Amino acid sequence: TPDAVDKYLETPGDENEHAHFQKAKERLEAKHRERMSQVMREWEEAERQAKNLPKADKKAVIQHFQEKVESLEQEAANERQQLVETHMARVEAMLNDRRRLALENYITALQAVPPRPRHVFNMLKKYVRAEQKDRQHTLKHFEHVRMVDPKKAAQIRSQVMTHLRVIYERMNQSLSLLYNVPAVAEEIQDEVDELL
C-alpha cells in the first residue's frame, strides 16, 4: 500500500526532507530493478518455450515483452519525475519563506526613523542572498526537466522561465524601495553595487 511515491507525497513540509527525497528515490529505484528483472527472466522462459514454434508466435511473443518493458520503463520514468517535481516544489516553498522573512526585515530596517544605513544593508544582503539562492534553485529545476516527455516539459520550462523573470522584477522592485527613503541611499549605494 504505502508506495514509495505515495509515502513521499504524503509526508511533506518535513524538516528532514532531503532524507525523504533520497529514501524515496532509493526505494522506488530498488523496487523498479525488481519488476524489471522479473519481466526479463520471464521474457526468456517465454522465448525458450515458444522457440519450437512458428515465426508468427515467437515474434509475437517478443512483441509482448518488448511492449511490457516499454510500458514499465515509462511508468517508472514518471514515478521518478513525480518525486523530483514534488521535491523541487517543496524546496521552492522553503526558499520562498526565506525570501519572505529577509524582506520583512529589509523593510523593517528600511522603516526605522533613525535610518541606520549600516542596518539596511545588513538586512538587505540577506534578502538579495535568498533571492539569489532562489534564482539558482529555479535554474536547477529547469535543468531537471530531463526526461522531457510530452509538452509538459515545455509547459514546465515556461512556468520555470516565468517564475525566473518574477524573481528578478520583484527584487528590483524591492531595491526601488530605497528611493522612498532618500538618505540611507547614499551611505548604502556604492556598497550596494559591489554586492552586485
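By rigid core we mean the largest C-alpha set that fits within 1.5 Å across both forms. Numbering follows the first chain given and starts at 1. First, how it differs from the form deposited in another entry.
- When two forms of a protein are overlaid on their rigid core, residues whose CA moves 2 Å or more are considered shifted, and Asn78 is one of them between these two forms.
- For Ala24, a C-alpha deviation of 2 angstroms or more is recorded between these two forms after rigid-core alignment.
- Once the cores line up, the CA of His119 ends up less than 2 angstroms apart between these two forms.
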The other form holds:
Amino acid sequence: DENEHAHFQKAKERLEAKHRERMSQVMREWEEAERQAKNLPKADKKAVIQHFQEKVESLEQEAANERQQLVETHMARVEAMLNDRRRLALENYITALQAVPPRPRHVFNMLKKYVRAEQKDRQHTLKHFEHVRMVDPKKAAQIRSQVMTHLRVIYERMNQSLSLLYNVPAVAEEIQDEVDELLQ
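Next block, the form deposited in another entry, ref. the form deposited in one PDB entry:
We keep it simple here and write out only the one chain, dropping partners and molecules.
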C-alpha cells in the first residue's frame, strides 16, 4: 500500500524522464529541420514550424494519456489493497471485543489498526481527488459525487465500527481517552 506508492512514484518519474526525453529529441529534430530548411521558401518554412508545434502537441497529449492511465490503475490496486487491509483489521477488532475476558489494551491496538486503515483509505481518496481539483477544476466537478459518496461510506463504516465499543462499556471507559487521541 506504501510499497505501491513507492511503486507509483517510480513509474511516475520514469514516465516524466521518458517524456522529457522524447521532448528533447523533438526540439533537437526541430533544429536540424530549421538548418536544413535554410534554403527553402518562407511558405515551406512557416509550415515547418507548424509541423513541430503539432509534434510537440502530440507528445504532450500522450504523456497526459500515460499519466491518467497510470493513476487509474493505481487507484484500482490501492482501493483493493486498502479494503482487504481494512477487512482483516475489522475482524481482529471484533474478535478482540468478544474476548473472554476482554483485554482493553488489546482491543485498543486492534481498534487502532482499524481506524488507521479507514483513515488511510479516506485520506488517500481525498488526496487524489484534491490533486485533480487543483489541476483540472472542471474535471474534478465530474467525479465529485462519485468521490464524496465514497468518503461518506468510509466515515459511516468507521463510526459504526467505533460504536461497537459500547457493547463493552467497561472497556470503552478504560480506553476512551486514548481513542480520542486517535480520532484527533
